[PDB]
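One chain comes next, on its own, written as structure tokens: the form solved without the ligand.
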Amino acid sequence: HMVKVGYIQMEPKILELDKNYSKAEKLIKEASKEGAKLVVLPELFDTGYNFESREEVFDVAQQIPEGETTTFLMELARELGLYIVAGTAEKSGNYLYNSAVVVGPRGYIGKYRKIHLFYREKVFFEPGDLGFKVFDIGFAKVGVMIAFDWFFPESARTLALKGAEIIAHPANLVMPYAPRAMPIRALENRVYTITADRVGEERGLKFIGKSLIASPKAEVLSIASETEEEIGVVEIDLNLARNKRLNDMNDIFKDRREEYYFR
């Protein structure tokens, strides 16, 4: 029930897939040496974010799972004996999705397509259509959401109600709020959250860094710099997430009264 998990805070270079693979590899190898068994990369780590046209992203985006990003991550996950959740631009026929892939030693585990698109993403990407999924990685059940999904408390709630013990959260954050909000998402659901943000400025848009890992008690177990590429790895206690008792008398999920919600 104790396991080491981490974020990889990196600076994707827009449209330079090979360079971004190399950077991810370097940092993930560092995280593996610290003992991480699950690592999370940022939203759109492979392509970058701040596109000018649909064409330029459509021309580089890879299919999941046959394409280059997924195959790269598979090789790395098997080499290092760990699980990776990573944000990537997904080409599916004529459509692009803002996706996250989950890989492990056995290969491709599954994917998530961003349900709540943010700002100009609606110009490039189709809204996600697979719902909120929880993946079994043996030592834990891991839910995935991407960036702006944090804003909707229903995102994490749905993952937690489906049995997520850890929420892996690839992100490219631009608003100042997520670092204050994510510990509340962790607290209200009694889960661990791993927000992996990028850094840098990209065609005029500044990302905020501040990747963080939050506990079921709203503790910030690790928080990154605003500007620097870095990893954060911490040991988490999965029993703290499986036990929904806030105190002796209140189990948070048994205390929900659905008949009074949304009505």
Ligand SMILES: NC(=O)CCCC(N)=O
Given for the second form:
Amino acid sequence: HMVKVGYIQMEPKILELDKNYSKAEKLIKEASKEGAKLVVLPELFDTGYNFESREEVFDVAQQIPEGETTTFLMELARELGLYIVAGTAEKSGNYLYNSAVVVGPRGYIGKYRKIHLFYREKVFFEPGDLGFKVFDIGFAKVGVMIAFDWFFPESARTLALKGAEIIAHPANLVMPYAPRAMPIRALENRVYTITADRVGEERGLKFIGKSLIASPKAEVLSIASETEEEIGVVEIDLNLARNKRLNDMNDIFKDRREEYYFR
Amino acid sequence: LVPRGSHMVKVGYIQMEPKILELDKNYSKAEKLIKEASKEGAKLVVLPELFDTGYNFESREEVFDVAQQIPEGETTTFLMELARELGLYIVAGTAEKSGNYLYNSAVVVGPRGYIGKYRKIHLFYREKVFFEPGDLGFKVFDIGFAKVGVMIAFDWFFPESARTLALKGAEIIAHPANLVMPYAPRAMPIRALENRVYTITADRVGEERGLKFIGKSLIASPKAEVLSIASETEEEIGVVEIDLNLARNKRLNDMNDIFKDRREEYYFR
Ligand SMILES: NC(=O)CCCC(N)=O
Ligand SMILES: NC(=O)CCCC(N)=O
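Please give the other form, namely the form solved in complex with the ligand, since only the form solved without the ligand has been shown so far.
The complete assembly is shown below, putting the previous chain first.
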């Protein structure tokens, strides 16, 4: 029930997919050498984020799972024998999704499409349409949400109610709030959260770094720098997320009272 | 001579140390501090959870024999007289006697009298020994200048509590509390942020029959700003002037309205 997990905090170079593959591969191998069995890459790690036109991301975005971002992550996951959640610009026909792929030592596992688009993402991407999915990676159930999804408590809650024990959270954070909020997201759902942020400035847009892993007890287990590329790997106890007990008289999920919510 | 604009109101928490089972002494303390808040211009004040009875009961008979009915009982009427006298609105936690049942409740009173009540939906720990789980739902009360939602202590742990209040139009969430865990001061700015509302957590202080409350009453803005936070141990008030337009405007930026951006068809399914 003890597993080592980690984020990959990296600086995507916008439109330079290959360079971004090489950087992700370098850091994931570092995380692998620290024993990470699950690693999370930031939102849109392959394409970067601050596009000027839909055309410039459309011209580089890859298809899932045939495209080269997914196939690259598949080869790396098979080579290292770990699981990867990574944000990627999804090409699907004539459309773009702000997505995340999940891959493991045996290949593609599935994808999530960002349900809550943030700001100018609505210019480029279609709203996610696959719902909030939880993926079985053998030793854990991992839910996936992307960046702004954190702002809506319903995102983490839906994943957690579907059995997610870890929420993998690729992010390109620009607002200051998520590092303060994610321990609450972890605590209120009694899950672990892995927020893999990017760093850097991109056409004048500053990302905040501060990738962090939070425990079901709102403990910040690891937090990254504001500006530097780095990994963070920690050993987590999945029993602490499977057991929703707060004390001998409160089980968080058994204590929910759906009849009084949203009505 | 110039306008200031905005829809301003001064709101406040009352951080006090209830004496368990000593209801009249607790009324006097509440009056003293609420008068201080009123002299600072507060128009809405929040008292802690179970401000009249205290919290850490040894038995249900202990609290049942002093608990007051709502709104006929002594706590509501005391708060009613006080709100009329000072011309303000009070939200206050109180043990509610209802037939042979006990509820962990909050009353809302204004200058014109009793407004309504809320019954704590999520009971915490030993409260399940003494209180019935609340059954009225999460309610929003119109106090003229603002719509106020009410939730009590451990309700904060469940994001659905504040979310339900805000989706029902709450611009302020009044939050009587007797906090024992360390988390609420860190979480309440997130509750305020994610719903774009003001939150007023009115915590008690003190050690009560071994159980230590954490104080740290706090008012948080729709931008997760801690506008006022209290000490761990002392009795005190905190009054701040808030712009209700900031709660009414759900636009985080010019392409993101928090409520219009919700996509319920993907939630809880
Ligand atoms: N990539 C994004 O969704 C940015 C908004 C989220 C944030 N906390 O800045
Ligand atoms: N009075 C209570 O509900 C205590 C549990 C909530 C807390 N944060 O301590």
